[PDB]
Structure formats: C-alpha cells, structure tokens
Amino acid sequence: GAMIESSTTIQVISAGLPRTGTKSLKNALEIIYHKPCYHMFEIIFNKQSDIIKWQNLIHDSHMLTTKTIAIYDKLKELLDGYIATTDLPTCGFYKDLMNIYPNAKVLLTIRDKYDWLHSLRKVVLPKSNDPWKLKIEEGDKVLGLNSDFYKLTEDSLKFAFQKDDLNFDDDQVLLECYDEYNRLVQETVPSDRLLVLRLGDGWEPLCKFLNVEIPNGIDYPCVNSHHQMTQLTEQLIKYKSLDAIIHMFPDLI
C-alpha cells in the first residue's frame, strides 16, 4: 500500500488484562506505527518516574466535570508521544481513554481463564506463600523496583476490577473478576469500535481493523511467556544487573 503520515497520538486503546498477550501487542503496534506503545515495560525500563504519577492518578480516580478534567489532563500528559496503550496500569482506564481520544479504536485481548491465572501467578501476582515470589522480588530489586511498584500493580488491578479491596491470594475471586472484566468491556464498547483478539490470531484481524497492510516478512510477535520471565528473573539474580544480560532478551525488552 501507499505510505501515509500517521498522527502521533493514541490511536489504539487495548483493554486486555496483563498476561493476555499485551507485550506482543505492544511490539506489534510499534511495528505498524513506528512510534512507542505504552505498557508496564515502558514504565519499568524507560519511565520509572511515572510510577508515582500513575499512583496519584489512581488515588484521585474515584472522583464532563472539573475534577475529571484534571484527571484527563494527567492521563494525556502521561501518554504524550505514544500511539497506543496496553497492559496495567492503563487498561482499566479504557472508558476514560475513549473519551480523551474519541478517534482511537479499542482492542480486547482474551484467553482461557485458567491459562491466564496460571500465567499471572508465575509473573504478576504469585501467592504470598509461593517461594517464587521471593525470586521475583530479588530480580526486581536489580531493575530498581521496590514496594511502590508492587503497589501500582495492586492498585491498578483493583481499579480495573472496580474493587475497593481485593484478596490477591484468592484464585476464585481473580477468576470471577477476570470474566466480569472481559464481559463488561464487550458490553461497554460499541462493537464497531472494538476488536476482540485471541492469542494466536496474529496480524490479519488486527491489521484489517486498523486499515493497515500486514507488515512484510515480519512474524507477529510472540514474547513474554512466563517461561521467558522466569529466565529473566533468574538471570537478573545471577548477574545483578540488566545491562549485563540485556542482549540475551532482544525483543522482549
């Protein structure tokens, strides 16, 4: 097709929860648009200073009114220079992002609920008594992440699930929240403005939805498996720096 000049503003809002292929989507969107896509990895690797801003934003998020305008302004500030949002903490703000970027299209990445929970327990939210949690935390300290990072994850999940609090160790609670979240998105977002993606779908329905060519000679990204995060965590602990191992994870980070 012809090359056209794309606007550097949020064009794609992905409501999918963590562990539903958000990092592959992030990579895919950056291949299509040639500008950055927001993701928790963007915070972790490029903008740790955003952590407190997202935390402040979620804090005020219970509140067009005037209180809303201040919040929408900070959302816009955080996302300046990006062409899309994925992953925590953005995903639970999909309703607001749709108001802020009226010309953006909405994606929902879904997958088998037990596969999701299993993946989540290995990476994002291990149980308190799970020994692997201590390894995750140790690898994370190497990246410069502390308890405020875990708090951001916790609070952005509560916010996505619209819960005042959440028993994070409770599998049933999380599964019910997962199903209701995905249901609510499809109920809320007008169908012409929404594409539901399943893992393995690849380029075609995404590119169709976005009116772009499928990228030539480039496979749809398949990164950020829990197996890969286990290897990353272990290598971080082993070498005690990111820059000593960064070359071993070329696409993932």
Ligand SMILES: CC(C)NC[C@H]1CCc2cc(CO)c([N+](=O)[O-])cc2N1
The other form holds:
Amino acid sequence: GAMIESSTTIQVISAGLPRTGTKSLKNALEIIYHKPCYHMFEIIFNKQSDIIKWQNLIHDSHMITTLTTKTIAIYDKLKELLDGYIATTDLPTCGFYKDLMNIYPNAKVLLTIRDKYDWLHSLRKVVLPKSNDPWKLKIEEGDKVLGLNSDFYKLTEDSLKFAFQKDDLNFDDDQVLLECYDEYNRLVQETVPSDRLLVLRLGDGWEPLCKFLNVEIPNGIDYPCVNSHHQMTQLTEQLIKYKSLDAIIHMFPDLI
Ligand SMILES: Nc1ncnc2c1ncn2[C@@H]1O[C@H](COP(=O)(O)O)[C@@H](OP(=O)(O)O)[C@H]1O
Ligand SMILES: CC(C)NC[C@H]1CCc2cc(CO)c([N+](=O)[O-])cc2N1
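Now the other one: the form deposited with the named molecule bound, given that the block above is the form solved without the named molecule.
What follows is the entire complex, opening with the chain shown before.
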C-alpha cells in the first residue's frame, strides 16, 4: 500500500486490563505507526516522573461528570500526559477509556481479552501476588533495582480500583478479582459503540487489528508475542542477581 503521513495524536485507545496482551499490542501499534504507544512499561522505563501525575489524576477523577469546569482540568491533564503518543494500553490508562474517547473523538477503541482463569494466574505471578506468596518478596526486590518504590505500588492498586470502579478491593480474594474482570469487560462492550470497538482475543494476530485500522499487515513481521509470566519471572531473577537494569537489558530485546 501507499505510505501516508499519519497524525501524532492518540489514534487507538486500548481498554484491555493488564495481562491480556497489552505489551504485545503496544509493540504492534508501534510497528504500525512508528510512534510511541503508552503502557505501564513506558512509565517504568522512560517516565517515572509521571507516576505522581497519574496518581493525582486518579485522585481527582471522582469529580468527573459525563461538562464541569473540573472535567476540563482533568481532560487537559490527560492530554498533557499523552502528548506525543499514538495509542494507550494497560494501567493506568485503561480505566480512563471513556474519558479518552471524549478527548480523542476520532480514536478507535480496542479491548484485549482472554480466559479469566489464565488472566488471574498471570496477574498473580506478575502484578498482584497474594500477600503470603513468597514470590511477592522477590518482585519487591527486583522492583527496587528498577527504582520503583511504594508510590508505584499505590499507583498500580489505585489504577486497578479505578478501572473496576471500587472504593476498595480485597486484592487477596480471587473470586472478587474474577468477578471484577468479567464485569469490566462486559461494561466496555456495553459502553463503546460497536462501530468504534474491536475485541481482540489473545492469539488473534495482525489481521483483524489491521483491518480495523485500515493499514497493511506489516511485511515479514510476526505479531508480537512478549511479556509472558515466565519471561517476567526471569527478568525479576536477573534484576536480583545483577542489581541493575543496564547490566541485563541486552538479554531482553523486545520486552524492554
Ligand atoms: N501473541 C500472543 N499470543 C498469545 N499470548 C500472548 C501473546 N502476547 C502476549 N501474550 C500473553 O499475554 C500476557 C501478557 O499480557 P500483558 O502484556 O498485558 O501483561 C502473557 O500471558 P501469560 O502470563 O499467561 O504468559 C503473554 O504470554
Ligand atoms: C520485578 C519486576 C520485573 N516487576 C516488573 C515491573 C514492571 C512490569 C510491570 C507491569 C505492570 C503492568 O503492565 C505492573 N503492574 O500494573 O503492577 C507492574 C510491573 N512491575
């Protein structure tokens, strides 16, 4: 197909929850658009100063009405955070999908989904281990190597609670999490006009995504398959062993 000059503004809003293929999708959108896509990895590796800005935004977000003066202030901060990016995926952004749709009226919406039990299992190994899981101590040790402190964990928890619209949340309760998951995904498909939504099940690959976005399938490039919990476990253990990211980053080419 012909090469056309794409606008550097949010073109795709992904509502999918963490551990549903968001990093592969991030990589895929960057392969298509040749501009950055927002993701929790963007915060961790490139923009840790954003952490307090997202935390502030979530704090102020109860005061959003579907427009109040207070809404415009929030929308302005969201636009600021996302300047220069062509898409959003993952926490903390995914819970803001309705507001992003208002801010970027010409952006299309994605929902990444998968088997709820596979999701929970993945979440417990990477994002939200149970309190008494010994692996939690390893995650915390590796996170310190990355410069991540208590504020980072607060942002993760608060952004999840925001996505699920819960004032609080027993993170150690599998049944609660499974029910939030199903309710979240249900609500997205009820809220977004079907014309503006594409639901992507893990494994779907390039084809429905590229059709939805009116772009050619990238020539000779397989759809990304990254960020497995097995790989994240290896990253954690290597961070602990070497005590720096730059010592090991050559070992994790497409993940980081
Ligand atoms: N192209 C693909 N096909 C199948 N699974 C994929 C995939 N890309 C990512 N995944 C899976 O999606 C999860 C990562 O999601 P995220 O990037 O949102 O955190 C991982 O699940 P597992 O932890 O079960 O391996 C990963 O294996
Ligand atoms: C020990 C290291 C590997 N921990 C990985 C980092 C970096 C990867 C990571 C990703 C997410 C979600 O995309 C979350 N999260 O929302 O809790 C946390 C983290 N933490």
